[PDB]
Amino acid sequence: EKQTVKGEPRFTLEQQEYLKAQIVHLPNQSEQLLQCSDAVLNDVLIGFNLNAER
Amino acid sequence: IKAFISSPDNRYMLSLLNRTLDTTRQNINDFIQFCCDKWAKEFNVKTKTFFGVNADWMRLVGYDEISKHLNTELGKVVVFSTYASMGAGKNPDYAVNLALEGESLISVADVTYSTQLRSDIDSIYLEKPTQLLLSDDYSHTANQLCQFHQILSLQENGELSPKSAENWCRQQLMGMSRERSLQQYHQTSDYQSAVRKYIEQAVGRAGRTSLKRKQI
Amino acid sequence: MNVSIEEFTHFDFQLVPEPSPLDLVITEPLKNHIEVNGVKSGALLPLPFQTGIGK
DNA sequence: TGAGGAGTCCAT
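Residue numbers (the authors' numbering), protein chains in the order written: chain D, 110 to 163; chain P, 651 to 866; chain A, 1 to 55.
Check each hint, because a few of them may be wrong.
Said to hold, decoys possible - List of simulated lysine-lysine pairs, DSSO-like, C-alpha gap at most 30 Å:
| id | chain 1 | residue 1 | chain 2 | residue 2 |
| --- | --- | --- | --- | --- |
| 1 | P | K688 | P | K726 |
| 2 | D | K115 | A | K31 |
| 3 | A | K55 | P | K718 |
| 4 | D | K129 | A | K31 |
| 5 | P | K847 | A | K55 |
Said to hold, decoys possible - Simulated DEER-style distance windows between Cβ atoms:
| id | chain 1 | residue 1 | chain 2 | residue 2 | range |
| --- | --- | --- | --- | --- | --- |
| 6 | D | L143 | P | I774 | 40 to 50 Å |
| 7 | A | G42 | D | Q112 | 22 to 32 Å |
| 8 | D | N151 | P | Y763 | 47 to 57 Å |
| 9 | P | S757 | D | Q112 | 45 to 55 Å |
| 10 | A | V39 | D | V133 | 25 to 35 Å |
| 11 | D | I155 | P | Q766 | 48 to 58 Å |
| 12 | P | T762 | A | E35 | 29 to 39 Å |
| 13 | A | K31 | D | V149 | 44 to 54 Å |
What the hints assert, rightly or not - If you want the ones that stay clear, here's a sample from chain P, every Cβ over 10 Å from chain A, calculated:
| id | residue |
| --- | --- |
| 14 | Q676 |
| 15 | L710 |
| 16 | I756 |
| 17 | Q797 |
| 18 | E806 |
| 19 | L823 |
| 20 | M826 |
Calculated from the structure, these hints are not laboratory results.
Beta carbons are placed, not taken as given, at the ideal position from N, Cα and C, and that holds for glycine.
Can you make the complete structure from the sequences, with help from the hints?
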């Protein structure tokens, strides 16, 4: 975000988004789940027909 | 401790030990306390004592509590900790308070101007590292595997003759104690280098800023 | 929004920030590694650095 | 007679 070359910002706003969306962090299985939200899990469950299962 | 209090330009001392001085040794703690006070009454100064610096106090109380006391009040601070605990968390620093300043901090850098101003440790005491032999707590067979790994590894490089290796392995198979395992590793040459490594790392982490005192 | 590589259509790739004593030591051995036994070959490089200076 | 302790990941 804050790297400058010769007194001018090195990266424009749109370029920063592309570079910042290419890095992934991989936590535990038990911390990846509690980080999610109700909407995400509900969307996945209805998208694969898993709610009907007992 | 007595040497540290009788100093003009020092207000921070950290004693690295091998055991935690928590409530399980409460009595011993109290014994030191009134001693410090006695010395603190000889040379007119008020000293701060910090006890129980473990992993359950740096993540449940906050280490910043120490730092604040060095930029909001006058006094010397003595903190007790261990080798392993101080290996985690990093950067035990307080920034500045020129009103509370000990009339001199010499800048050490040549071409820099720091956005803020910070300093680091100026007095440390080092004990003898102990329990320098790896062990495992998971299950009972894994510990055996670890021990045999280390014995054979020492045999390969050239520190142990075959005759000694067989004796150590035989007694481990029959059964020994930790305190008899530690007495045969001390006779080799790897122990010396390991101790030196510990000292070098513990001292190297004790400096991270460019504001320093004169006498350390 | 989904950005694309077309944003970098015209970009400056041959200008880099001014070097430091600690990046030449990283770069030059690797360049000597590609010349001989190169193209496809690994390299183990232990760098002895110090806390403080910007490792 | 021989030595003397805390700190950690992850899938079940």
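Hints and how they fare:
A threshold of 30 Å between alpha carbons decides the hint, and for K688 (chain P) with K726 (chain P) the separation of about 15 Å falls inside it, so the pair holds. A distance of roughly 28 Å separates the Cα atoms of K115 (chain D) and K31 (chain A); the hinted pair therefore holds under the 30 Å criterion. At most 30 Å may separate the alpha-carbon atoms for a hinted pair to count; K55 (chain A) and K718 (chain P) meet this at roughly 28 Å. Using a Cα cut-off of 30 Å, the hinted pair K129 (chain D) and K31 (chain A) holds, with the two alpha carbons roughly 29 Å apart.
Distance check on the hinted pair: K847 (chain P) and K55 (chain A) sit about 20 Å apart at the alpha-carbon level, within 30 Å; holds. In this structure the hint that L143 (chain D) and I774 (chain P) lie 40 to 50 Å apart at CB holds, the actual value being about 41 Å. Between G42 (chain A) and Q112 (chain D) the Cβ separation comes to about 30 Å, which falls inside the hinted range of 22 to 32 Å. In this structure the hint that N151 (chain D) and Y763 (chain P) lie 47 to 57 Å apart at CB holds, the actual value being about 54 Å.
Range check, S757 (chain P) to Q112 (chain D): about 27 Å between beta-carbon atoms, so the 45 to 55 Å window is missed. Between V39 (chain A) and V133 (chain D) the beta carbon distance is about 29 Å. The supplied range of 25 to 35 Å therefore holds. The hint said 48 to 58 Å for the Cβ distance between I155 (chain D) and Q766 (chain P), and at roughly 52 Å that hint holds. The supplied range of 29 to 39 Å is met by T762 (chain P) and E35 (chain A), whose beta-carbon atoms lie about 38 Å from each other.
Here the CB-CB span from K31 (chain A) to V149 (chain D) is close to 46 Å, well matched to the stated 44 to 54 Å. The Cβ of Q676 (chain P) sits about 35 Å from the closest Cβ of chain A, beyond the 10 Å cut-off, so the non-interface label holds. Consistency note on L710 (chain P): stated as away from chain A, and its beta-carbon is indeed over 10 Å from all of that chain's, at 26 Å minimum. Once the 10 Å rule is applied to beta carbons, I756 (chain P) is consistent with being away from chain A; the minimum gap is 17 Å.
Every beta carbon of chain A lies more than 10 Å from that of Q797 (chain P), the smallest distance being close to 28 Å; the non-interface claim holds. At roughly 20 Å, the least C-beta separation between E806 (chain P) and chain A is larger than 10 Å, which holds for a residue marked as non-interface. No beta-carbon of chain A is positioned within 10 Å of the beta-carbon of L823 (chain P); the least distance is around 36 Å. No beta-carbon of chain A comes within 10 Å of the beta-carbon of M826 (chain P); the shortest separation is about 36 Å.
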